[PDB]
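Visitor: Chain A is already provided as a structure; the job is to place chain B with the ligands on it using the hints.
2 protein chains.
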Amino acid sequence: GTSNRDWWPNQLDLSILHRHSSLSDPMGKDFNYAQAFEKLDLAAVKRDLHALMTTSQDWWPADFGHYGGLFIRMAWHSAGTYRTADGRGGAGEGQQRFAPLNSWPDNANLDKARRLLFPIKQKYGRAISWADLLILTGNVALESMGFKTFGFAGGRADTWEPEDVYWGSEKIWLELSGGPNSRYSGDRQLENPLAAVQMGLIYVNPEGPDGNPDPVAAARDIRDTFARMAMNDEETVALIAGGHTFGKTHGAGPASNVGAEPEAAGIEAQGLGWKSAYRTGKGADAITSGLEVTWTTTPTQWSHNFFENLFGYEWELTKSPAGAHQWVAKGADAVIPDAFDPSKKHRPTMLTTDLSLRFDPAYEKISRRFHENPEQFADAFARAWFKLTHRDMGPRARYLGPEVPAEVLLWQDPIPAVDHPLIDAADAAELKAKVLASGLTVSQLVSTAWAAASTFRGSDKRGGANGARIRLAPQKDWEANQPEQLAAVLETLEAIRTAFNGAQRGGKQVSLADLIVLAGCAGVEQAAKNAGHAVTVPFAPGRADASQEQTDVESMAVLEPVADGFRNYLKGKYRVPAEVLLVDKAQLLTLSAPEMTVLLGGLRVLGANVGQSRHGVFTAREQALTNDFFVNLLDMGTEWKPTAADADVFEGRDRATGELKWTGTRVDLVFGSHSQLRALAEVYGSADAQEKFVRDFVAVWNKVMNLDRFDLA
Amino acid sequence: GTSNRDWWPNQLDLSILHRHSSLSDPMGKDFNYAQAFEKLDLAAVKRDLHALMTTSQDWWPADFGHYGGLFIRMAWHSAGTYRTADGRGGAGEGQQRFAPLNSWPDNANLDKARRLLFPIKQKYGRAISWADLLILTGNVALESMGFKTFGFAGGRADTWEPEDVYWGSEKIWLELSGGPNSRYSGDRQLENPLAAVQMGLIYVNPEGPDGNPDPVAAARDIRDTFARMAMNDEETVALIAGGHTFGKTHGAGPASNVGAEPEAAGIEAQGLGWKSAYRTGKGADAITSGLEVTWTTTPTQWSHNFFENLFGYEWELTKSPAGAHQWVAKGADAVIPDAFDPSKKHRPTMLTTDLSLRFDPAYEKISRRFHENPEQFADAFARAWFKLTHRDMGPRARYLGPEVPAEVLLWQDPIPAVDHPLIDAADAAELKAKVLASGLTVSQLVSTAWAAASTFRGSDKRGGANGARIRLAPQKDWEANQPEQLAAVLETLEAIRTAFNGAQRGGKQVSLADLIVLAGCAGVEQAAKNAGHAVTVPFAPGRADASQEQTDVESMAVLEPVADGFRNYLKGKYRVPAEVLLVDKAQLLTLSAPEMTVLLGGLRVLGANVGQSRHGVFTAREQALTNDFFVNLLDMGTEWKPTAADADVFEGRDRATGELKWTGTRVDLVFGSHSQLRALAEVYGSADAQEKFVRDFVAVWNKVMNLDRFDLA
Ligand code: HEM
Ligand code: HEM
Ligand code: NA
Ligand code: NA
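In the order they appear, the protein sequences are chains A and B.
Position 215 of the first sequence, counted from 1, bears residue number 250 in PDB author numbering, the numbering being contiguous throughout.
Position 355 of the second sequence, counted from 1, bears residue number 390 in PDB author numbering, the numbering being contiguous throughout.
The following block holds chain A by itself, in its conformation from the complex:
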């Protein structure tokens, strides 16, 4: 059947904003996963997992009699999709069980790993999410094999449909770079927001870049892709060597024996895929990646044998039985055990990317340190494994259960505890009036609270107004935040704060994070008052202020808005049209299309634009909260054309006289062009809509102000 996407493949896609409806969710609307998990007997789940590790099923026999390696790979691929550029991917939604990730070639045979866990999932039911279970199973694998983990937090609620993620534009799985849809340009520059080298890989190609078995060149791709997943050199070497202490790869025969991936398989396969025609199709005959490497002499026990082998042999380029490039130890004895036959042993083997840890000069230094000091290795791996598996979970207030590590880590963007009474409703009213009497304008108040709260992204639950990080580096100097104006507003608010807190007894005080949001609330109330409407904007205290020393400046860079349609801002010239970037930002904000539309229309007439641009400011009563944006955009008396100077700026002229009335960008005019957005604009631009517009605007403002408030969850 031909679809709208077929006919108009470049039109903007609003359905990304309408996922995750209560319709698609089988749980009740009252289901609260955290409440279910907090009653789970986590110790009993772990005992069942521990038993499973050595309880081989004949339809996918356990290598060495132990599933630990397979489950550690499963948990590392679950977390491994994560990109710091947008926070999308990672383990936090259990997305490995849905398309497309369930069928990526790098996830081959993890369908078998997830199937092994269904009996446990079935026993415990809604009290443990798939998303938590995947991670927990990798921790229990590690523990079962003698490795002491750093801890574990539950709280990843399950999802029920695939996430909308840009994974690249290639139309061929595993396409080598340089094709018509190349994700590389320039001197091997990977396009943002991607974090893998080929479509359907986790990070890099285990043979080498585009299959070229050079460990030095492979190291460049390892470093780049791992940096794009928020991991530095130490963390990288710890993770790779740590993982490859366990288990083996599977390449016993030619890959042409392996059938359809799960989404393409027949119905009788009941959710599994890569059925193999080679010998038994499993166990000793398994084919997953096509490589056939076993790294250590004890694949089912933690050791420091990865580095002993890496450094204690010289390495020779060879081929697996599937034809893939891999390496074998020169002159070595057969000291590695076979996975099924106790009478067979094998020579040490390595992947090209393993040898990167010895041949790249910066990795070599760390690998050597870890080789000489395996206690340092164990500690770095444990910390990195925790970070890997929790990086998308958001603030530590979301972490559940009895194994949460107490140590506060800088990557968590930590918020200090609140240890004093909070302001009440009367205090909030007094502080709003003080803010308004200071002479700060609606535009200043709204702009500053917008800037603070709108760093949030639901993809990894980073950002938001909690922390008052807007006053710190690097946020205070981001161009979108209008540094000189921001500094003047923050100075006035800090004076208000000092005076209020100095007057209290009993230790009550207000944080600057709370006052920034409260001040934005006073601005919106004042704009409504300027329009003739008395409203109260809701406000919930309890935010705290983080220090510079608790803020990783380099990690914060990815939260910089380089495109923020809500402030009609674009930092420079992109390939993707600005309206597509607006929709992307609304998705990260967790907004629907109606929420996006109301919010943008109001912000324009409040004076939220960066630099006080007139683009889209379709009103003659700026700083009054009215539906004027919609009424004027919809006025057929105005004709619009692109300017000669700039095809992305439009002039609106009176159709009859030619007089200039307005200017706008693509982000403004999309609301009058897109057939779904225009239909929303019509509702708010109708003669009966002023009350509705104000109410809906206040509701979406308060939603944005509270996005990171998992302390009130």
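Since the hints were derived computationally from the structure, they do not count as laboratory data.
Be a bit skeptical, because a hint or two may be false.
A pair counts as met if it fits within one copy or between any two copies, since identical chains are not told apart.
Calculated pairs, SDA-like style, for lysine to any residue (alpha carbon to alpha carbon, straight line, at most 20 Å) [what the hints assert, rightly or not]:
1) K74 - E726
2) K310 - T678
3) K379 - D414
4) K354 - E303
5) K206 - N45
6) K81 - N408
Guide: Below, chain B with the ligands without anything else, positioned relative to chain A:
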């Protein structure tokens, strides 16, 4: 960006079931359009529409100074997409304002028509939907030009995204027949459920079939497409001649002058399209279809001139200025007015399809009668226009406002009014006990109520259990309904009913329609008891019994389920896979994916399959309401394979011994294969889910039993 659809283009699409969520809807979840409409000053709206008719706008000047013909076309296109095969399309959701219909070639320049209406839409706001407005505007056009309409009902709630409809498989707009995705096969057989001859047409090609200007062959296409929109010969001739009493076509220059359709136009076009480079682009220079025909000597006044011209001249084949085939009256004088120049007149002209009304022998007779008896023409057209514009609105209980016609019409599937006391809860308990004491089984009770209720479709709100039409022709003889079993159940229920009604005082009685539903309820209650659960099923009385003479047998044929996955039924071999048909049916039933899943699982264990088929009956306790379907489907101890006899039937055998345990169809096994469906099955097949399964099943059972209960709305 590559999407799951790109990778796996034949996968099933569940997002059709989660459309129309409260997320995409700008109105609050409590908004009730019926209540808004009932307060609308409909008389004021009509006055504004009357004024608009002759208020010409310079950007799309009114032909003959009067927009009436353009608006009649606009309303007839809004209604004209309707297909009786599935009830999809029609005017009832205002879908002409969204993709793809806003940009269909046959809808060219109706974007102008809808834009002219925005000021009225703006003024009245939420109190009149677009969908009602398009139809009311067509009514007012007719009345303004001297034609008295049969009536009008409001109540068509607006929708906020495109409907998921199969419009065909062609990838080229307007593709002629016989291509790689031909909608025709055999002797000009149109594929169900399509009701138009080419992609992006309303019904037929105005030049003739595939552009061949043969009026006799065109008549065959007219008759077939109109029948597939629920219109017979009389209604068809009345509609065509009636419409073509007004206005004109537009084909002033070559079609190569017309630019992009609205969904392809640039952002500056602000929602309009088909911008023309021919002369002024508009008015006298307009190009819409490419034809240039004006039918009558008074295009802005109702007249009997259509048939005078059709019969009073002989016709010669000619070309419009765009090169399209049309007809001109041989030897006629220049009697037709020009739309813009008072000094110009034109000869009478006709479309091929107009000439069909004279040259097809069965139409000719009707046309002549209308020519000779113009009052019969006026009456037929009035009634057909009402039917055209209301055929998708459902039961008369949904009709709102002060212009609703009192006359009850056969195509409304009318239900008699209830004029007696209804049964109360004590009566309901006594009747359930009687049903259970009669010896009717769970399987019999559930199957019969399912058969009665599940004819409903939300596309045109036809069908459902109200009316007890399951006892009448043709429902009582449908193969899916198991005619011999149905007859035995109905005979026992009618004897129960006769005995209850014969014992009452006052006028209290129970309809058979209510008793069928009630008896189904007692079945479900008994099945829960068989499983150890104490469950009360909600029941609402008030259904009435329709007569045979109130049940048009030919119109009822389209509700026949030829595929019903809920009863594992397929009437024959189709090209579309059965699991796609299941999803299609769930959409017509208004079900979400979780509802479809829970419903199907329960029906299988209750014995609702046609012919007592064992396929999907994954339980050892049939007629007990348990989650066994899910627990057994998910058991990895069973391996599944297609049979040699039949690739659509699957055997599930013990993995270790090979012993046969179950058989299933595609509909059954999709729940274990599709990655989304399997995620829902896992919830219900978990150890903690039995009570949830029961309660969710009772909820969705009750939902289906009430689909058509617009008397309680
Ligand atoms: C440069 C990064 C990496 C590359 C290129 C890579 C490559 C691979 C490949 C090709 C396999 C074989 C799949 C199969 O044929 O069964 C695999 C196995 C595995 N990897 Fe990695 N890997 C990477 C990093 C990691 C990380 C970070 C960890 C975990 C901390 C991990 C843990 C494992 C384990 C445990 C296995 C064994 C699976 C089994 O026993 O079934 N690897 N690796
Ligand atoms: C065989 C069925 C029909 C065919 C092929 C058809 C074809 C068309 C065509 C090609 C146009 C010209 C579009 C343009 O260039 O502006 C048109 C105009 C129109 N049709 Fe039809 N028609 C059909 C039935 C109907 C019916 C059922 C109605 C209404 C009851 C209707 C009412 C009109 C009106 C009022 C116009 C004039 C528009 C104007 O004045 O702007 N027609 N028809
Ligand atoms: Na994420
Ligand atoms: Na419909």
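Visitor: Does each hint hold? Answer for all of them.
Guide: Consistency of the hints with the structure:
no. : hint        : verdict
1   : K74 - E726  : between (44 Å within a copy, 18 Å between copies)
2   : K310 - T678 : between (58 Å within a copy, 19 Å between copies)
3   : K379 - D414 : neither (34 Å within a copy, 94 Å between copies)
4   : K354 - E303 : neither (35 Å within a copy, 59 Å between copies)
5   : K206 - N45  : both (16 Å within a copy, 16 Å between copies)
6   : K81 - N408  : neither (30 Å within a copy, 87 Å between copies)
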